[PDB]
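Chain A is already provided as a structure; the job is to place chains B, C, D, E, F, G and H on it using the hints.
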Amino acid sequence: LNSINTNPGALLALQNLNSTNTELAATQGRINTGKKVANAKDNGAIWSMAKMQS
Amino acid sequence: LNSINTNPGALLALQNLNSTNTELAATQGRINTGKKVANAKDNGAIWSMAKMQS
Amino acid sequence: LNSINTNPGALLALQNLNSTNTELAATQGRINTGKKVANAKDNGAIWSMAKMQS
Amino acid sequence: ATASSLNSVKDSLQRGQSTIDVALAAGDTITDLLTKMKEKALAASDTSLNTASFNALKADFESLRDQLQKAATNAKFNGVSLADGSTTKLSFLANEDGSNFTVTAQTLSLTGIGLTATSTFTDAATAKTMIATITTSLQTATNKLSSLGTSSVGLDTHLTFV
Amino acid sequence: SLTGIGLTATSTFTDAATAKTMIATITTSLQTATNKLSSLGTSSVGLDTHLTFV
Amino acid sequence: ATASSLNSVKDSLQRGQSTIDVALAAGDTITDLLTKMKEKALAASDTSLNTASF
Amino acid sequence: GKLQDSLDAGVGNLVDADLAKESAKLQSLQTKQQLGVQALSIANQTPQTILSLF
Amino acid sequence: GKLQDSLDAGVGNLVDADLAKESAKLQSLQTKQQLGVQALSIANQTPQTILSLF
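Residue numbers (PDB author numbering), protein chains in the order written: chain A, 2 to 55; chain B, 2 to 55; chain C, 2 to 55; chain D, 56 to 217; chain E, 164 to 217; chain F, 56 to 109; chain G, 218 to 271; chain H, 218 to 271.
Pulled out of the complex, with its shape left as it was, chain A reads as follows:
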């Protein structure tokens, strides 16, 4: 409530900021590679289908 050793609200704000940062990182990768599923991590079956089709 009134804590000096810890501030939970700042931690929640950090979780929100980290989520926005991961979203912007995925957007940067999607922009620069030109692909929504550039690698197997993005989606396994879809990437395997794209690779076998290629």
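It should be emphasised that the hints constitute simulated quantities derived from the structure, not laboratory data.
Fair warning: there could be bad hints in the mix.
As the list claims (entries may be wrong) - Here are the simulated SDA-like cross-link-like pairs (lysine to any residue), alpha carbons at most 25 Å apart as the crow flies: (1) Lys199/E / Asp43/A; (2) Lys113/D / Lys131/D; (3) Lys219/G / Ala81/F; (4) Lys37/A / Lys52/A; (5) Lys65/F / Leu224/G; (6) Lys125/D / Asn198/E; (7) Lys52/A / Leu214/E; (8) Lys238/G / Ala26/C; (9) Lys131/D / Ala98/D; (10) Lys36/A / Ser55/A; (11) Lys37/B / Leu15/C; (12) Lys91/D / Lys131/D; (13) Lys37/B / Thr248/H; (14) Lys91/D / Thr212/E; (15) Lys37/B / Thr23/A.
Said to hold, decoys possible - Just a sample of chain C residues kept apart from chain F, beta carbon distances all over 12 Å, derived: (16) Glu24; (17) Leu25; (18) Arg31; (19) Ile32.
Ideal placement from N, C-alpha and C gives every residue a C-beta, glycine not left out.
Chains B, C, D, E, F, G and H alone, transformed into the frame defined by chain A:
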């Protein structure tokens, strides 16, 4: 009214300050999440609506 | 007059800002569509009469 | 003594808010995995796929199912949990005389959302049925997280009242 | 490794009659390799999700 | 309380606007398909056509 | 595609914050927090004057 | 030749993302991380108000 052991008015000011603190915390969380229904703790029904439609 | 809880002027400016935003959105729609009656929402009498003449 | 005893009630209420926060933190992952499994079943339902793409979607579906079971079993806060179904209910302090603040557990394990540990589709018709199966499971999961969030809100309001 | 995808270090074709079978052999090897890579990517995504939850 | 109740009203009006929007987004397809069907029936109204084109 | 765009617009209308209102609410809530802190600092001093009586 | 063209087009439809949507998603995510950093910087300061009480 006269008192060294306790002062009710300081307790009332503390309650109002804690209410203002909870208000500012919910507000900054609404700003940094980009949403007014960030989770089920905000309101469960509308959030289940948003999650199902999403 | 002075109050920390409510300032009417911010609300009024926000309403004028929403109004200019809505007019700007309608203008961008008229530009990207190239038509003054892009859809039934814009103007139904001209819309239906034009769809039938076309 | 009646005033001094309320610190334990406050501690129990905020401990309950913490455990429901852990349950919601796991339920986010459970919902995302349910959405991915719904997309996998809905993609496998198409007949146009060859056997290889169908087997790949089946493998990702089983993998996300196991990940959902792991995220469900990992959701606990100092040995107690509202998501794994280990106990029907938790009773938090609310008064000087110790009357409970009930917070019924809402199971989020695969068996608690209707899926089995070995649930999977084997052909396009089974995948088409699995679309509705995963949809109903996602619906009951969102209802359970909403009930947990309402209970956490009641915990917070009762903490302010205490 | 070659042994794990059904190939061997001695794998080759002595004539076109064997190259026609090597076609399907390399196809099956590519299939199992893409499947194993998709499984590795799914495992990495699961590790990232459990990392965020932790 | 009457002011706080209005958020549900605004949410319902937004949901109704979204429903009307999806309805018109379909209705454009119904109108274009109806135009194609009128063109097809009008082309088939000719007596000069052979059985195959009809 | 229009369906998915409409569902995204609807979920956003259900969730997206009135951020322009949130800026004013933030600017007011920080002032209210500072006023509450100063009011508590004044409330703490009220019973301390008793020592002046002795 | 036509079959290889259709196969590359199908691979593109299966893996390539549309870009115009990320063209706005990028700027929105930049504004969103900026608002999140501002909200976190505001959240860091709330505990420190207690020093004024002492």
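Results of checking the hints against the structure:
1. Taking the CA atoms of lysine 199/E and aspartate 43/A, the gap is about 15 Å. The hint holds against a cut of 25 Å.
2. Using a Cα cut-off of 25 Å, the hinted pair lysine 113/D and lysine 131/D is violated, with the two alpha carbons roughly 30 Å apart.
3. A distance of roughly 9 Å separates the Cα atoms of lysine 219/G and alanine 81/F; the hinted pair therefore holds under the 25 Å criterion.
4. Among the hinted pairs, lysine 37/A with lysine 52/A is consistent with the structure: their alpha-carbon atoms are about 14 Å apart, no more than 25 Å.
5. Taking the CA atoms of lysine 65/F and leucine 224/G, the gap is about 17 Å. The hint holds against a cut of 25 Å.
6. Between the alpha carbons of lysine 125/D and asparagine 198/E the distance comes to roughly 23 Å, so the proposed pair stays at or under 25 Å and holds.
7. This hinted pair does not check out: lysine 52/A and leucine 214/E have alpha carbons roughly 28 Å apart, beyond 25 Å.
8. A C-alpha spacing of about 20 Å is found between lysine 238/G and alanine 26/C, which places the hinted pair at or below 25 Å, so the restraint holds.
9. Annotation: proposed proximity of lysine 131/D to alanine 98/D is violated, straight-line Cα distance about 34 Å (limit 25 Å).
10. Annotation: proposed proximity of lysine 36/A to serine 55/A holds, straight-line Cα distance about 14 Å (limit 25 Å).
11. With a CA separation close to 18 Å, the supplied pair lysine 37/B and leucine 15/C stays within the 25 Å bound.
12. A distance of roughly 24 Å separates the Cα atoms of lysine 91/D and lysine 131/D; the hinted pair therefore holds under the 25 Å criterion.
13. In summary, the hint linking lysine 37/B to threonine 248/H is supported, as the alpha carbons are separated by about 17 Å, within the 25 Å threshold.
14. Among the hinted pairs, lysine 91/D with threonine 212/E is consistent with the structure: their alpha-carbon atoms are about 13 Å apart, no more than 25 Å.
15. Restraint check for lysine 37/B and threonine 23/A: the C-alpha separation of about 21 Å stays at or below 25 Å, so the hint holds.
16. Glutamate 24/C, annotated as away from the interface, keeps every beta carbon of chain F farther than 12 Å; the closest lies near 17 Å.
17. Distance check on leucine 25/C: its Cβ is at least 18 Å (rounded) from any Cβ of chain F, clearing the 12 Å threshold; non-interface status holds.
18. Interface exclusion of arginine 31/C from chain F stands, the closest Cβ pair being 17 Å apart, more than 12 Å.
19. Separation of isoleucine 32/C from chain F is adequate, the least Cβ-Cβ distance of about 19 Å exceeding the 12 Å criterion.
Going through the hint list in order, the structure does not satisfy hints 2, 7 and 9.
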